[PDB]
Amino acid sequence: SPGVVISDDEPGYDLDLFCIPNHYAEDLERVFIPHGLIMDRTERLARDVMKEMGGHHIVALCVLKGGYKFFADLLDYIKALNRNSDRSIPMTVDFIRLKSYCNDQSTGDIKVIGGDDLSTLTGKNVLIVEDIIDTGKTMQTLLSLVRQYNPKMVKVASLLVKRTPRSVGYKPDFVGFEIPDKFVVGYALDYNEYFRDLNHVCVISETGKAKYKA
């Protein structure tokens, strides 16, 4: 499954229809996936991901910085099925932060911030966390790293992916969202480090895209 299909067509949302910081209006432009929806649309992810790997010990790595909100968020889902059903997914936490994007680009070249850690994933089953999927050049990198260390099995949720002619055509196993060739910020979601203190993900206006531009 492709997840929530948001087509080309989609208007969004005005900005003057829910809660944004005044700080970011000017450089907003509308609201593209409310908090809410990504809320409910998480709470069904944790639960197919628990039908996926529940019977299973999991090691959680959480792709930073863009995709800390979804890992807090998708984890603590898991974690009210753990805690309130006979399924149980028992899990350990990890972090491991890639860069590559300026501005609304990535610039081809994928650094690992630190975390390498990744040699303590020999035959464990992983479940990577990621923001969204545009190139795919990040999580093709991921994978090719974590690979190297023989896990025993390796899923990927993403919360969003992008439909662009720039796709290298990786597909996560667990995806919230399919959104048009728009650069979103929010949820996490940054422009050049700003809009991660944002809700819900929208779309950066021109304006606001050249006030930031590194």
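Numbering follows the first chain given and starts at 1. Rigid core: the largest C-alpha set superposing within 1.5 Å between the two forms. First, how it differs from the form deposited in another entry.
- Measuring CA movement between the two forms with the rigid core aligned, the set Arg163, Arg47, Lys65, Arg41 has one residue at 2 Å or more: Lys65.
- After superposing the rigid core, the Cα of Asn82 is displaced by less than 2 Å between the two forms.
- Once the rigid core is used as the reference frame, the Cα position of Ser205 differs between the two forms by less than 2 Å.
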Second form
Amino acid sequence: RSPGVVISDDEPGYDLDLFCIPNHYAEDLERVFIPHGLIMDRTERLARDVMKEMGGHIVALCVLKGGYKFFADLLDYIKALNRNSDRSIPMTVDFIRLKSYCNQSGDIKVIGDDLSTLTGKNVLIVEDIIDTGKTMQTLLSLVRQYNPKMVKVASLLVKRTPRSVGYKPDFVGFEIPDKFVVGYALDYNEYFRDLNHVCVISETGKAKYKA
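Next, give the form deposited in another entry, keeping in mind that what was shown is the form deposited in one PDB entry.
The next block holds one chain only.
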């Protein structure tokens, strides 16, 4: 139903020397997958798609600490679309905090708080990347608890991985191979935030940016 921009397993992304990359990350990356500008353009069409469905009303729900970058960009584009409406349209930003921990055995989620502003509203879940689908599934049954009118998921990234298949996202920026990516929205123990593009972390970068 729109798998988004499909980046296939075969020969993925771009050679490092084709784009501008912070020099201090020269050894910490393997290839580049999605240049920043390309993320921007897709995010724009995405915002157009969100208004089609949404817009009764809209509550955009950010996932805190981590997800702020993509949320901000997605919302900037929506604001950009909203400037031309003949009646000014109310829009509410919301926030859940959510942290995950490496598991022996079973998944660990630590949630969020104060979600009164959801009752009978159109709620958009914004995520950064979908791998196992647990974050999405958690955010789901959580908002379902507060009796909203509508619920969609938007996620910049869907990884091509084994999952329980539970709730397939409604809006997908990019469908990428099973590789570990950083930059743009995704840090690695606080590094790569200054990296605008989504790139594959290398082995040098993994060992260098400890934890």
